[PDB]
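Let's start with one chain on its own, the form deposited without its partner chain, as structure tokens.
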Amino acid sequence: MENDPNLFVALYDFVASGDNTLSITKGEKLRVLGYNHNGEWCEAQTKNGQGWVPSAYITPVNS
């Protein structure tokens, strides 16, 4: 299916540290809204809130 280009899935569990990082779970869908300047951190929205998550733990859904 054709998904939103900013729809990502988590590759691993990530537990927030600590202020305005967002906690995520392996296989969870996320919507990425923004990047830091080199794209290694993502401002993401999930079923549980908004905040920062590492690119290394997520991947876009589309291919």
Contents of the next structure:
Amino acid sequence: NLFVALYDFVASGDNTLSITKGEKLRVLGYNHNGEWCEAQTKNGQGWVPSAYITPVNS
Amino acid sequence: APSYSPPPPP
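Starting from the form deposited without its partner chain, produce the coordinates for the form solved in complex with its partner chain.
Below, the chain from earlier opens the complete complex, with every other chain and molecule after it.
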């Protein structure tokens, strides 16, 4: 469950989390439709787009 | 999670 951000995403409220391209993140789970996933980084925790991340070392 | 759509990859 260790992942890397592919693109920049800026948080928009509703418990979303900003992520920076190249940042590593731990994934805690997904929403009903897979589109959003709950991450933790060095800057905090929150929802990020699933399509914006990929596993490390694959 | 948010009810709205996430933004498309840039």
